[PDB]
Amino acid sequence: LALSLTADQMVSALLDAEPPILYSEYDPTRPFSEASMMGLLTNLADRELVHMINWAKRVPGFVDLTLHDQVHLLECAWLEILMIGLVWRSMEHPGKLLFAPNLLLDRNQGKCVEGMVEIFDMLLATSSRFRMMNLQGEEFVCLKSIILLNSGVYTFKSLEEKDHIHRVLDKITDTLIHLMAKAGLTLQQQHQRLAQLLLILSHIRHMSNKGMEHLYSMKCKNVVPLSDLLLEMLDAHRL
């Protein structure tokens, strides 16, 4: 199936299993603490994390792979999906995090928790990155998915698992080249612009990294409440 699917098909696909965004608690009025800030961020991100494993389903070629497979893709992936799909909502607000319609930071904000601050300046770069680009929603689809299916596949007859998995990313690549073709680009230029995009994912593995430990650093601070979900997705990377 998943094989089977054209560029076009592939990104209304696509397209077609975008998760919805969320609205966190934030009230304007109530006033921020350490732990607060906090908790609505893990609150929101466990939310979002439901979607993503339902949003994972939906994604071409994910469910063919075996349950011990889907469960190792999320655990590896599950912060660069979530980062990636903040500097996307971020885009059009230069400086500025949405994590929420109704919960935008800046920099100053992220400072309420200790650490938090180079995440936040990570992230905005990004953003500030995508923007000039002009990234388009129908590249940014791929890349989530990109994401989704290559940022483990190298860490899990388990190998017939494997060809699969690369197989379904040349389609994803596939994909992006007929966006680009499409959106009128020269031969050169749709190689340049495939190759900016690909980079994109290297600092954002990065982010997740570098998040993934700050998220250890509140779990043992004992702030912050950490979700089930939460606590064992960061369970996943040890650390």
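Note that the rigid core is defined as the largest set of C-alphas that superpose within 1.5 Å between two forms. Residue numbers count along the first chain shown, from 1. First, how it differs from the form deposited in another entry.
Among the residues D64, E34, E213, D174, the single one whose Cα moves by at least 2 Å between these two forms, once the core is superposed, is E34.
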The other form holds:
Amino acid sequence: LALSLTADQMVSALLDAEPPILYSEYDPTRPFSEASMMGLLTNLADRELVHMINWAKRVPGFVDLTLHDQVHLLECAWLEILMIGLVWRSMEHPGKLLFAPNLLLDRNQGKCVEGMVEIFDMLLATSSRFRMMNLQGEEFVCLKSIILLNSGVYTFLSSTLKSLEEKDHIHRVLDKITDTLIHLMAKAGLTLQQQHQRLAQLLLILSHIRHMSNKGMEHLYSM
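Having seen the form deposited in one PDB entry, the form deposited in another entry:
There are no partners or other molecules in what follows, just the one chain.
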């Protein structure tokens, strides 16, 4: 099914696959009560993860893989995926991270948790970068699926025949998502040159996201 989709179809599938936007447990009518930043963020991350799994099943190509590899992809990607979602919804709120529509946090709330401000700044810098680029919703959903499919692909087994087939299938779906990205850009008026340039810009941001995710795990594990 996945390799037979046209670009318009792929975009639709991805838009339709989106998980719900979640609200925090924070009650802004009780601002002087004891609230735990990490508690609230943890509660949110854990509830998003439940929805992320169901979203992964709706990404074309994903359920064609074995169960073990489906698990592995999410295990390697989940924090990147949380982070790119944060960054996307934070685009229209410069200087702030919109963890939830009722939990919009200023940069300086990073300082409330030891070692968190560095990662906040990195998240804010990424949100800025999307803003400066006018990242479109269609492009965002393509990027989020690339993350899922690409982050664990290099660390399966290797020299086994099954992995060869699994990787081949992922690479073919990734090729389809690239075609889709280029198609959005061409449809929006960009020159070939401008198309390849923007595609490169977007994919180079993905390695920053990988970096943030690794720094994040490192910070989380240490709590």
